[PDB]
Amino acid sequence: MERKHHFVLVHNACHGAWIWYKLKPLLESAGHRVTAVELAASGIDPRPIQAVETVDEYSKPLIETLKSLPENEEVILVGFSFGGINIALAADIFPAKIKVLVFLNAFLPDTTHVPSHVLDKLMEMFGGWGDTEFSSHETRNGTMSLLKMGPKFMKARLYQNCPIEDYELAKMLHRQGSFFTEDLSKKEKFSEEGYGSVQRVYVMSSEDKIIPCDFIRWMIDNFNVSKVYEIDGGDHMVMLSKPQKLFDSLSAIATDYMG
C-alpha cells in the first residue's frame, strides 16, 4: 500500500476547526491522519478575539501542534484563506516539520515585503463587505481592527456554492475575528531560510468571490509555487462546497510528496 501522510488543517479568520468536518473523514478513510487545529479565539476556543492581541498569539495552537509532533515527522500543512499567513508563520519556526505547504484559497506572503503586504493589497480592492460589522479594540499593542461577517455577505461572497445546511451551520458558528493587519505590518519579514525553504503549492477554487483568480496570479507572481491546482466550481468555502474535489486535489499532492 502507498505510504499515507499526516495532514494538518488550518482554518480561516472568523471560523474554526469545524469547517473541516466533511474533508477530515474523506482523508481518514483514505488512510491518512488529520489534525484540524482550532486557532485562538476561533470556533469553541474559550477566549474572545479581544484577548488575542497579536498574530503570534492567534497562531499559537498551530505552533504547539507542530512542536508536539514526534521527532522526524513531517506533515502536509494546509492553510485556508488567512490560514496562509498562519502556515507561513509556522514554516518560519518549524520548516523541517513541513513536507509541503498547501495554500488553499489563501493569502500567500512573500519574503521581500512586510508580512501584511498581500492582505493590504487585497483590502484596497476588495469590493464590498456588505453587512459585515467592523469595530476597533484598543490594546497595549495598539489598535486591533476586528470584523464580524454579516450573513448576506457570507451567503453572496463565501458560501454561494454551498448547500443551504452548510450556510446555516456557518451562521450558527462564525465569530468576530481579525486579520491582524496592524500587527502583520510591524512584524519582521518572513525569512528565505525558514519559510522560503519549504515546498509550496497553491489550490484555487474557480468561483472564489473573496480571493479572485487575478489576485492569486499576482501573489504567485510575487512568490512562486511549485504547482497550481484548480477546483472547478468551488466557492471560497471549498471544503464545504466541493469536499470531494478538494480531497482529490490533496490526494494528488500527497502522491507528489511520497519520499
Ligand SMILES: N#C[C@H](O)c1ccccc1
The other form holds:
2 protein chains.
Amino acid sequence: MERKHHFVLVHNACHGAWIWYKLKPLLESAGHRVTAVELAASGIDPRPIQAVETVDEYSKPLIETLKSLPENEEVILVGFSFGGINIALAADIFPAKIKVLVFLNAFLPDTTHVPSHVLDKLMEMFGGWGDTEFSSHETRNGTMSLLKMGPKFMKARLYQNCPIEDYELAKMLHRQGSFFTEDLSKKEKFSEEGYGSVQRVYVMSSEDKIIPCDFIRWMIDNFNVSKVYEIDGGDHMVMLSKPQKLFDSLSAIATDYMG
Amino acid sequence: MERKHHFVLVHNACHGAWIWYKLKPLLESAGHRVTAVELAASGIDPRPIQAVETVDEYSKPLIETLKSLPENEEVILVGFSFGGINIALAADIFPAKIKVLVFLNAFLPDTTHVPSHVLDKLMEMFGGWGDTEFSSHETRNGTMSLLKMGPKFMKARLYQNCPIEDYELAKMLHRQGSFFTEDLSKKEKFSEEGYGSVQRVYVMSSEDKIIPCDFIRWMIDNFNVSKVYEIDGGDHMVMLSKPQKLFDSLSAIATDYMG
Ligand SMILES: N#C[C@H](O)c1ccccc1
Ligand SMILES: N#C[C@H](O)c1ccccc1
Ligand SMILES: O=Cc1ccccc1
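Next up, the form deposited with ligand MXN bound, please; the one we just looked at was the form deposited without ligand MXN.
Starting with the chain above, the whole complex follows.
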C-alpha cells in the first residue's frame, strides 16, 4: 500500500495537546502515527506561564521530541496559530528531520525581519479583545505580556463554528499564556540555511475571525509557500469545527510528500 | 414550566472538570444551572498531587463552592467514583445546602466504620490494575500512596464503551492522583447529624468494569439509599459513554426533589 507518515502536531498559545483529540484518531485509523506535543506551561504541564520566561523555554518540548527521533526519520510538522512560530524555531535547529512544515491558520515568519514581525503587524490592526485579561510579569529577561482569554471573546472569535460541547471543554481547559513578542523581537532572525531550506505549505480556514485572509495573503506574499489549501466553513479552531476536512487536507499533503 | 435546580458536579481521582463537557450543556439547555468543580491537583490546577497531602486540602475547592452560595440556596450535588467521598465530606460540613446527594458509579461511605472502609474493601477485591503505576510519597505525617493510570487499563476498565475520541482526550489529560487511604483511615467517622441526615440516591452503570454490580449491593447494604437508578450500556465514564441517559436520570431525580 501507500506509505504513511509521522505527524507531529503543535498547539496554539493558551491551549494544549488536547485540542487534537478529534484529529489524532482519524490520522491513526488511516495508518499514520501521531505525536501531539505539550508545550511548556500549556495543558496539564506542571509549570505556570510565569516560570517560562522565553520562547526557547516554551518550545523545548518540541525540540526534545525531534531530538529523540531515530536517525533519518522525517516528520510532517503542523503548527497552529502561534504554533507557526514554534515550528519555525524547530526548523532552524533540525531542518533535515522535517519533510514539510504545515502552517495551519498560523503565523508565517520570514528570514529578513525580526521573528516578531508578523505578530507585530497583526497586533497593530487586530480589533476587539473583548473580555480578555492582560497582565505583566517582571523577569530577569525583561517584562513579559500575559493574557488570559475571556469566554465571550472565545465564543465570538475562536469557537464560533464549533459544537457547544467543544466550547464548554475549552472553557474548562484554557490557561493564561503569552505570545513572547518582546523576546521574539530581540532574537536572531530566522536563517535561510535552516528554516528557509525546508518545504512548507499553508492550510487556511474561510471563517477564521482571528487570522483574516487579507493578512494571510500578506504573510505569503512576504514569504512564499509551495501550496495553499482551504477549509470551507472552518473557524479558527478548525481541528474542533471541521476535523474531517482537516483530515482531508492533511492526507492530500501526505500524498504530495510520498517522495 | 417547573422549578429548575443548581447541579454541582464533582469528578473522580486522576481526572478534572473536563469530564463533564458533554453533560454540562445538556443540563443548561434544559434550564438548569451547573457548576463543574475542579479539585486540588486535578485537571489544569497548577499543583502537583504531592503538595496536597490530605483529602481536606483536595476537597477545598468543593467546600469553597458551597460556602460562596447565597443564603438558603440548596443544590443537587453529584459525586462520581472517588467523588462520592468528596460529597460526603462536604455534606458533613454544609448538610443544609444539599437537597440530595447523587452517588454516580461512586464510593458510598457509611457512619459506622472509618471513612477509608469502602476504599480498602475494593482495593482487596480488584485484580485488574494492568499497566497502572503505583508509588509512595513521604510526608511529615506519613506515607501518601499515589497512582497513575496506564493507557491499557484505561481502555479495558474505564473507557471501553466510549467513542475513541474521548479515550484520546483522556490520554492527553489524566494525571497522577491519590485515594488518600492513609489520611482517611486516621480521620473521624462521618457523622449521623451531618452526612447521615441528607437525602441520597445511587446511579449505576450496567457495564462498569471498575465498580462492579456486587460491590455496589454490598455498599448499599452497609448504608441504604432512597432509590437506585440504572443506566443500561454505561461504562464507568458514563458522562462520556451515555451522556443523554445520564441526563435522563438526573432530570428524573430533579423531578422527585422539585419541592
Ligand atoms: N496562538 C494562538 C491562539 O489562536 C490565540 C490565543 C489567544 C488569543 C488569540 C489567539
Ligand atoms: N476515583 C476514581 C476513578 O474512577 C479511578 C481513577 C483511577 C483508577 C481507577 C478509578
Ligand atoms: O495579535 C497578536 C496575536 C497573536 C496570536 C494570536 C492572535 C493575535
